[PDB]
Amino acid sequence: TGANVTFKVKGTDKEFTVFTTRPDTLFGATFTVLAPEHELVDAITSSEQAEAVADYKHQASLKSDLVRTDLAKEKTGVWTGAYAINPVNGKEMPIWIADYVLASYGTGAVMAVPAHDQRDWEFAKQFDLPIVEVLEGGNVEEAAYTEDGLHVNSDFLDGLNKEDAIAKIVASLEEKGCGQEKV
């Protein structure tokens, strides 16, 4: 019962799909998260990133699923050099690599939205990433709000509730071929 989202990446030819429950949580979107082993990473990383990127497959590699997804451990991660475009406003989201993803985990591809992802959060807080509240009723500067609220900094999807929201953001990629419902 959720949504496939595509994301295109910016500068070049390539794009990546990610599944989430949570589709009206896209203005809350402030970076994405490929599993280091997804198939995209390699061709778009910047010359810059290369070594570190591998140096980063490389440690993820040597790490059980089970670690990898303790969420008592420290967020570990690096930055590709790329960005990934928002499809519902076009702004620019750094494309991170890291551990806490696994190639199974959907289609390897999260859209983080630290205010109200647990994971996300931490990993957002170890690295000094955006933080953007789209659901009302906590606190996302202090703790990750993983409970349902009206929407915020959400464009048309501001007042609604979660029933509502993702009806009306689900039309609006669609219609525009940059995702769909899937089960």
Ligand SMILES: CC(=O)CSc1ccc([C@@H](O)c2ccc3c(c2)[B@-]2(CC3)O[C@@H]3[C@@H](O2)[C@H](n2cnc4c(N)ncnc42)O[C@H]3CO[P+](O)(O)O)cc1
Given for the second form:
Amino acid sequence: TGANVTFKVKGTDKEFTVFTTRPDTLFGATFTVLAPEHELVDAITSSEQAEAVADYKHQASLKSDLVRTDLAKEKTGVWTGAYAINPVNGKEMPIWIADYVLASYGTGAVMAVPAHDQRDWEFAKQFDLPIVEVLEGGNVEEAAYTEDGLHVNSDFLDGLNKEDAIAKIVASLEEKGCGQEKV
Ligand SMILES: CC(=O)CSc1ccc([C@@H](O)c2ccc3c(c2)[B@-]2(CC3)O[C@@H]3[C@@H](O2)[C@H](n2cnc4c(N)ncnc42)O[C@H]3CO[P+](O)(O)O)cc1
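Condition change, the form solved without the named molecule to the form deposited with the named molecule bound:
Shown next: the complete complex, the earlier chain at its head.
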């Protein structure tokens, strides 16, 4: 079981939805990543980034799913030039494309939580993106912390465990109309 979370694209009437197994880490989402093949990419890419996005989409189409999701391969990607809006606090999150996100799985878009997801962490370290701890237990600048722990830096989720935080965040999202549990 997981959840869908919907993000508005800043400065537009566009939105996209991600699939996440950990809606409770929403306050640690410091960027979002679309599959290079995602349907929204071309419409939100800025003119300055357009050529780099086109070049990267071509590169990504020449790699299989297995090579793209391989943990040992160097992370690659490019900024679209656009920002998503985090629904819980209104903060802007840069929208990247990266081939470790697969078009066919879930929605083809993720919220990136580099502190607590190994692939997001590798991407953030490769591209100097912020890393924000929301589950205590590790030292997230040195190593992704991929285990359970009490929530921090998470407003009304602070002090809760995974099961409680997930229930609370999903309730908040369903109530704003920008999230729901998904299986
Ligand atoms: C079921 C549980 O609670 C088990 S405790 C657990 C502990 C750590 C992690 C960790 O890693 C993690 C941390 C945070 C986030 C996650 C993960 B996220 C986004 C937020 O949840 C990911 C989601 O990003 C990513 N993802 C979705 N769509 C695609 C796609 N199209 N391409 C490539 N990646 C994609 O992967 C799904 C689930 O993956 P599953 O369905 O294989 O389980 C997790 C659990």
